[PDB]
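First, one chain by itself in structure tokens, the form solved without the ligand.
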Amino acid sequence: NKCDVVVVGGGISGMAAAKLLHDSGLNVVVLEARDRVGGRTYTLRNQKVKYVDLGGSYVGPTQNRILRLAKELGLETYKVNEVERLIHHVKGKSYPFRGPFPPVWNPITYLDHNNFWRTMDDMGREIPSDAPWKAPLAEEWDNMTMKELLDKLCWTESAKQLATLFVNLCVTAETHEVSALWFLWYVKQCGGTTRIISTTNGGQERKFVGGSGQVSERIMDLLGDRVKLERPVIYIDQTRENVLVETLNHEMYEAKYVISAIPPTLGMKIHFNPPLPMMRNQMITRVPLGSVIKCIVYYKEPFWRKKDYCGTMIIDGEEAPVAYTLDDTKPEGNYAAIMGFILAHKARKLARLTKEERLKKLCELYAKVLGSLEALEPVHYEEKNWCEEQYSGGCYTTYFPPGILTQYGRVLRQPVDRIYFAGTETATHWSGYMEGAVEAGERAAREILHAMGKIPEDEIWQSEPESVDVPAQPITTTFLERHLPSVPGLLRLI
């Protein structure tokens, strides 16, 4: 029944919000639709895998909030294996390489690739993290898709194909599905192209020992019976003195404030009284989540290491079910595994297959790319198709189709009377990630503390000290990378 704040959703964002409010002495209730916490994180345990992250997994430098929260809850990280060579598989052939970026040898192609990434970061510098619609060319960039931008910028097919893979991997969506403004914001707010795409010194550097699901689980442990599982919220009524929140299983909660910690579009599953303001009413129909199947194939040994491959594969082309992999072997060297993503349209295309059929396709692909018959001998397989989840809508996160961010972006985290908005989609740094979930949950909690007159306005948004365990190395460029001409630039010199 009665409390200070009802938090809708027990993912990392809702849990982080509820923990902050609880720690500040307020009575909080978390209403969670599923029979588990964690949301877009989910750690499965069984004897064959020990544990495996089937949802969000990776953390890395500059993600100081999730690192701090997890540390406080008693979690540790380990490094994703990147000791040996990465592979870029293109036109049916594997090209091993060292460093974060696949080498390009044709000189014109080199200029084209160099210019593309440079231009993405250059454009990002004009986009405010907290207000992408305030970019000088916001409308121009929002009114084109990433496909149109790539078509404009890439003078080579090589660059266009790799840029396409990059978009598909970062946002689990096709280049033609997403706004260029939104995508450029998305990369910039993760620290740029190098930071978002890198394992060492980037977003994929580390995983949590025992799984990321432990973040939400351990906060649920702290909160005890304040977390109500299998309580999908169906109705929020703000017409009276206290806010009334009703669940599907016919319970009523009464609170001073509510935090909505669910993906924006999942606000549609709640009937509002009074109705939402027009802009939010339409916004929540305009913001889908991406499409992905996360697939983990287990082997007797991390056999790829013997061939001086780390397990990272960047696989171009329509035929390959999986465009990107990482080594998912445990820090101890056992439960050898390759994690791969079936991205965007391929998640839709291949969802029809059986689990065994997807396993066979992945093993055959890996055998080709790793040049090893050992890939054909899996000992176990786990997968999760996030497209099927009623209470997620997809993964990793919400994307904005052309025209939406400039028209509706302003209302994403605008309070609606006594409802405040958390969820990783409302973050300004690593929005889309567990890091963003923490930022947004804690910010939304502090908005309520401010509304209650408990903290001053300047304490709503709080900086985070850098992790001592996961220090960030700066991203650097060389003189040549900065100054080499684009393809049209070299043509203009002729």
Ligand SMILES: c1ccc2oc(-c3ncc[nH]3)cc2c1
Contents of the next structure:
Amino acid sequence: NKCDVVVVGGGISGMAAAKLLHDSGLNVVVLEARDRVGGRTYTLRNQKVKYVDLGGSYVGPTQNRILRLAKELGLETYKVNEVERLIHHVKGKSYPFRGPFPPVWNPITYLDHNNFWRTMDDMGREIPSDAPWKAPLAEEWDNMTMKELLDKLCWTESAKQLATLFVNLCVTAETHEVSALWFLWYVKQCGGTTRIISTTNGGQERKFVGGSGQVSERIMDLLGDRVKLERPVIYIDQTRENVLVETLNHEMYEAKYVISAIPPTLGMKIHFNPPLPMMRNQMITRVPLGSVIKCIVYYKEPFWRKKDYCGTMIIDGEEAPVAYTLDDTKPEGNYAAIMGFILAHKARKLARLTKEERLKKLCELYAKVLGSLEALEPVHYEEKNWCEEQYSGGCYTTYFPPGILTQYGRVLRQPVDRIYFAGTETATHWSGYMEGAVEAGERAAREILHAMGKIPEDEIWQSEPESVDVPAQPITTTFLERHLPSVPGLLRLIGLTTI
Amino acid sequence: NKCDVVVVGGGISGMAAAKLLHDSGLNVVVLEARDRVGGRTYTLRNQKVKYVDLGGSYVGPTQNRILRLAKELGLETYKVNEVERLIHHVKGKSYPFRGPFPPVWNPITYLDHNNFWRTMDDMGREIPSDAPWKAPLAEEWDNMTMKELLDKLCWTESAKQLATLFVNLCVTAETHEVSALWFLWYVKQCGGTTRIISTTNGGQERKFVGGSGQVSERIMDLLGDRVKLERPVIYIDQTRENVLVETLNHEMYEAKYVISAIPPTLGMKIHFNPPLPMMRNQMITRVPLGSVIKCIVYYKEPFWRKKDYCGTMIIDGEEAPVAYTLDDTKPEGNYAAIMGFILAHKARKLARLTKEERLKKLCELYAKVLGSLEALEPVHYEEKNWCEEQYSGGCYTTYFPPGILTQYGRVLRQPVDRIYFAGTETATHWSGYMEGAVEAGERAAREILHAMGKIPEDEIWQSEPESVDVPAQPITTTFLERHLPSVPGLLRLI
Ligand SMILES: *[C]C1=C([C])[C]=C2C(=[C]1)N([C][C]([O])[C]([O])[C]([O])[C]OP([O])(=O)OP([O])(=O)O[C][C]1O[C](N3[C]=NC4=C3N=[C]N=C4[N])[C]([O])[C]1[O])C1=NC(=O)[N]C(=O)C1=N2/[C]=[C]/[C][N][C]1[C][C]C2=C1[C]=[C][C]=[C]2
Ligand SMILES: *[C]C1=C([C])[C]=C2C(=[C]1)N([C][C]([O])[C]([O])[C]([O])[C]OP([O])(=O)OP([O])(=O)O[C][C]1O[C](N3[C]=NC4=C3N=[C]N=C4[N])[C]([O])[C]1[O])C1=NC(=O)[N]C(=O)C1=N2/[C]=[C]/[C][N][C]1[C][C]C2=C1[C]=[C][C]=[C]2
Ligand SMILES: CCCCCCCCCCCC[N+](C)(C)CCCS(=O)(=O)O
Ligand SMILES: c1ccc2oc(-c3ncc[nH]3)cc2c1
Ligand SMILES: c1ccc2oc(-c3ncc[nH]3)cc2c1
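Form solved without the ligand done, so how does the form deposited with the ligand bound look?
The complete assembly is shown below, putting the previous chain first.
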């Protein structure tokens, strides 16, 4: 089977690459391991739920590429519910609030909290989005975990605990598992702490009507039979004039170039000839994905709205199986549902239970957090544990442990002869997200267009017009937020005065 | 085609497993990815070196299983040269010394150094060899890197620089890359700090005459055509009556049981049907191997001996490519040579250079440390960079980043239906060494004999009698080693 480009992987990244290549007149083939396209996006359809996203789902302002792609495919978005109050549940009690952060009243504690978020963003501006290893203190920040950085920065337990929950929620890993340099890069390349955490004006603002899985499905429709399902790639041979790509079900494909659009560590599932160079060879053993179970509990009505709760809950505590939820009710107001994430070590701990026992524990938690016995009367339940996926490795994305990003980072998207690398991990804006997948898939496709002499070099990286449907408000601070001292800053001032 | 047990991997561990099963009367096939056996051991032969070990090489007292296996195969050991003085090279100067640790003269520094070694051994006494996630402080120690532990414990830069070299040399990874729990288990399961670092009476005491690659080659000689080279395994299907194992060159093997005798992460190279359970599926993406180039510079004579140096050098500082060396001269006094390890980030850094550029750097360093122009005149050079090996992933062994050993560690040896797990990573004594490979391969082999009803449960794990050729002497401490206070302890008395 002969073509111009073989794309390995039919998730969003590979489908976007294939689409770009196909629209340019090339012959592409997509080799997908599963019986479906979409990868870490998956939309379940049945009569009880109508449709529901079990993997990637949320899109928001500044994610202009996935928005343009989805629009061009005939899809619409709608807004996640944030009309009523959010809830911060901490030490067994719920405190309703509005805004990006639960209010903090103790003035010392307020100083510590304000300095925490501020400093994450301050450190982040030192870090180039396209080369995090070029930060001036890249080595010092990469040689520490997030846990060590939090221990040094937070002068109250309250700030340390909120921060810990933010890390677990952002990257589905524990603070002691991840590099400080990598996590700080990861937040900055999504636009910063406010953009990444928020619903209104942030990452979680919207969902696609009908599910995100339609993105990959509609591209598959346009490509017709160029997409080969149940073709896991086992072997890539670059020793001859054309590249040979072999599949597990005994098929051979021959091409000029290959795009690898799979998570970096799943490159281990492929035997290479000749062997990868040393740096990539080791890099793909060093970059695990996080751990998460996405759970959706359905109810007769969205009862929390009547208590003036929008359904967003930040839930702190070792005993809480779920640390964050959002209202997952359909835009029409039916199929009332709460979506929650079970994160990092709790995904591993609670996977031992049955589905019915996990549903029990979530309802009892929601009943307590919402102060509502109706939470004990679910009508349906769907869930997916991504830790068990042979062809994903986890979700949402790949994290870097201490020391890895500075030593091996520069190789993530470095071509290996005629293999180019897409996949959301190799993006520079919303890496980890469906937005990053589109950016990486189209950039890798244009690297190949450039190698064939079809476009000039300055067209490999291409900026994206802002969505007219999902405008981005800028992220602003107040004068007090900018200039209030940190806790040790204030202690320093007290020392000074006392002389 | 059809057999009783397929062994995936022909390193020491897979070979030891296959030999045990074959000696029991079972039909075994070994499927090996490479065009050779040995894996992380590799013995090169040519007229210039005669033979040289480019991977695993050293054996010593308490490693009784690899000693017994080798002896049975007709191999012999000889002693690594440690007659003359060792060298510590620090801030551009050489300090010769005798005994296990370089002397320290500043009294505060002496207290700090003594406390560091003693504390590593005290912590390890609380970590079970067969279950390190059961240490009373497993989570606390697992959630910190060795770098954090060293920042807490070491009150002097001198103790911290030496501890840092110790970690790099021991596990070919940076102190900030590795779990404190995991590292402290690793040293304790080799018999502690003195046992692991010593030449005389420790893990570097001896080498095999003719090279360690002969262990695997000689088992392959026994097994004949049961061993298949250039058979990378790609697919294992357990959904039927018999297990089906497929290779890259399109052959199909069928067995009642499988032994996986490869580094855990190389498990990623195989597609599984049904999918692996969740905890193993993620575990095998979380366990990289270290980074090392092993380099051997040959000379006309072992000239360091005329200066009363043994050729063992401990070399501190960023600028030194090699932090540790041993005399690699043959027992006969000929093929004079110095072996050095380029460790961790330096392996990655110096890999960009050419072979000749690395040779020149090593020779200029050894000239400075040994104080001899003769080091500038090498007659030959051999080296191997293990980071580049598709079917090893690095060397010496698999390290655990912070958080991983407690969450996933119990999954390493757990059977997956009819697949049993060997490989030095699953051993409980000298895991990470050739000794651990033998332990783990023989244990996995006997779990299958037990699954078949051939032996009882209490025969899965078997003790090994002590080698008469390489007996162990006790590790001792002095009264002052045991009771001198630490730096904060001396301070508390003030
Ligand atoms: C899983 C998940 C979840 C659960 C969730 C989420 C997610 C996920 N996300 C992420 C996404 O999804 C991603 O990024 C994407 O999807 C990616 O794409 P790509 O790159 O394409 O990749 P994939 O998909 O994986 O694909 C691949 C393919 O390939 C294949 N393979 C493999 N291997 C192989 C193959 N083939 C052949 N051969 C071989 N060998 C496979 O199968 C596939 O298909 C996200 N995203 C977004 O955007 N959104 C969302 O939502 C999401 N998610 C989450 C979120 C969260 N959020 C939260 C809330 C609150 C907060 C947060 C964060 C932060 C802060 C705050
Ligand atoms: C590399 C190396 C070096 C450089 C060095 C050293 C070493 C290494 N070591 C280690 C040893 O060698 C080990 O442990 C062993 O060998 C292991 O075994 P096993 O377990 O068996 O594994 P391997 O080998 O890898 O095997 C595997 C096999 O398989 C195969 N594959 C894969 N994949 C696959 C396959 N097949 C089929 N299919 C598939 N898919 C491969 O190919 C192979 O073959 C060591 N050891 C000992 O014992 N000794 C020595 O010497 C060694 N080394 C090191 C040492 C050092 N020392 C130092 C000095 C001073 C000091 C130290 C340390 C500490 C302290 C002080
Ligand atoms: C007589 C006066 C003695 C008071 C001296 C106070 C000692 C300070 C210990 C507080 C530790 C606070 N955390 C946040 C844990 C670490 C800060 C890291 S950093 O110090 O800013 O580098
Ligand atoms: C720490 C961890 C999770 C969090 O989610 C929010 C949030 N969600 C919607 C507006 N703010 C804020 C926040 C802070
Ligand atoms: C730190 C790093 C490497 C080291 O090697 C020794 C040594 N080798 C032979 C006897 N002691 C001691 C030592 C301490």
